[PDB]
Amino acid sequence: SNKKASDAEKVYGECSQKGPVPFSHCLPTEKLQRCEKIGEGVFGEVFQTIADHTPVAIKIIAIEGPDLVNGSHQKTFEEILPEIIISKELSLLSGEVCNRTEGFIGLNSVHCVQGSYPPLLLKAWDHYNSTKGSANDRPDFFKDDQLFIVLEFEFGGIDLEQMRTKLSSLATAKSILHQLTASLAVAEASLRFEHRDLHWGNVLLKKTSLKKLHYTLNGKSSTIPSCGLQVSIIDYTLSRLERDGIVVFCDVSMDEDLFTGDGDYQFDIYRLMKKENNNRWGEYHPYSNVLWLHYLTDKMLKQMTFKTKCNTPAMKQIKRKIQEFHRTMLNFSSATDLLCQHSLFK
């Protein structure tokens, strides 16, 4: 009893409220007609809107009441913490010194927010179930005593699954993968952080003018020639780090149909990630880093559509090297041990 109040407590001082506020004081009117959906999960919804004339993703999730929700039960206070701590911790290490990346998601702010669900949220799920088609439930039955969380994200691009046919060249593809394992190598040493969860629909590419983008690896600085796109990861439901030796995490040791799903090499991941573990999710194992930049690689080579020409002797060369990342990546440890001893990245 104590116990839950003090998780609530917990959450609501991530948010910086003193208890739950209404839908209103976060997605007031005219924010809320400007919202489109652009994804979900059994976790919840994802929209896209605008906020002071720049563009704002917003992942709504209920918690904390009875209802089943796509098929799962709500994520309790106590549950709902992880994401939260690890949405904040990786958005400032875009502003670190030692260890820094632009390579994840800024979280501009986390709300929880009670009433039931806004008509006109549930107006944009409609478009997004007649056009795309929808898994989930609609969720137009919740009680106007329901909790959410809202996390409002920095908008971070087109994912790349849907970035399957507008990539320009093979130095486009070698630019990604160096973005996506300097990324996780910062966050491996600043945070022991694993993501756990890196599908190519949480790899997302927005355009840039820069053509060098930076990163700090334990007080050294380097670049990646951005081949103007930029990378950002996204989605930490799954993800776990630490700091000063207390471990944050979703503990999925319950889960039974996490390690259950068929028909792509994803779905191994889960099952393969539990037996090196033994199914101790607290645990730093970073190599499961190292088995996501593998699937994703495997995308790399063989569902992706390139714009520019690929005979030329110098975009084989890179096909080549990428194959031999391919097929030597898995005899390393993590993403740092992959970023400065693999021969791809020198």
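Superpose the two forms; the largest set of C-alphas matching within 1.5 Å is the rigid core. Positions refer to the first chain, counted from 1. What changes on going to the form deposited in another entry:
Fitting the two forms on the rigid core leaves the C-alpha of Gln33 displaced by under 2 angstroms between these two forms. Once the rigid core is overlaid between these two forms, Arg320 does not reach a Cα shift of 2 Å, moving by less than that.
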Second form
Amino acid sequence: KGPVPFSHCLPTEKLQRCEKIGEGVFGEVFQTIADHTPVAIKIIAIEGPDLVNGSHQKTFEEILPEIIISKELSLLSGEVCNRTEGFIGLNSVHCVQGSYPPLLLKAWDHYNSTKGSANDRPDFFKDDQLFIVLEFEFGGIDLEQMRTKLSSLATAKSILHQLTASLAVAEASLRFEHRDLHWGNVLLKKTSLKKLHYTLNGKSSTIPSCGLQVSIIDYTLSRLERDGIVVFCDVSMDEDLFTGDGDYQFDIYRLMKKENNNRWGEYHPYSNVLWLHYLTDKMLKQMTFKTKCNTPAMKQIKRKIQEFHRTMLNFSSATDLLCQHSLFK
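Rather than the form deposited in one PDB entry that you just supplied, could I have the structure of the form deposited in another entry?
No partners, no molecules, just the chain.
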């Protein structure tokens, strides 16, 4: 019933181990460790009058959708009829009050020195400033940064199957659309499991992992519903979102607006198909693999992913793809 200080989320040792791993106009993303386990910390300023990274801060009302959707997708790992671990776990959410911790500014500076930042140094916040702090499971490294790091197109097959299954399960349970599943929002982490498990409308199956587990992240533009209450980001009056160029990613925003007639409250699971097509397109055109297809068996995998690319836009949802597409048989 009141905000907490930063130290409540980030006690001294946890704060000392923070390293910055990402950013956006929204704010900052740090990795840290507690109980021997990495976690990702996403920090968003809210409710204040300062521009931050050139944009106005969201209100608490405007941040609730991301919080709600993060929780619902996290909970899918523990459900029965519609179960998937292909989203990202949500450990906690806090409303914090205070100026930015100097130890986080230290991490911010290190990232700016080594990778470079597009953001303002977050050193201008007063002691009444509010933030949302989301703590997530650490999901690994994004697909874009793994452009040159994957073994083969067999790995790409696994990734696309994992993504399609997770989206299908969320469609079935929550009438979910991600709406921004660019390759920076697909994370990859090593697993020793040979196969991954999901359940779609009570029917369980498995996916060969190729040694990686996929997590879909970042629900800032996503949509879902429960008992007819729809949670979403109304981008109907956004200009900039629909005028990008130089990557198929930017066409997906326009294609979604075409599909939904600019009515973002509606359910159009074809948007998940569009994102999966964009990701397949990435796999075939921008990813480069350590081992190219040699064997009959691998060459068949390549042909099957090409087939997927040229046919998948004729499916109505991730659910339709998973259940009917030959790629997953």
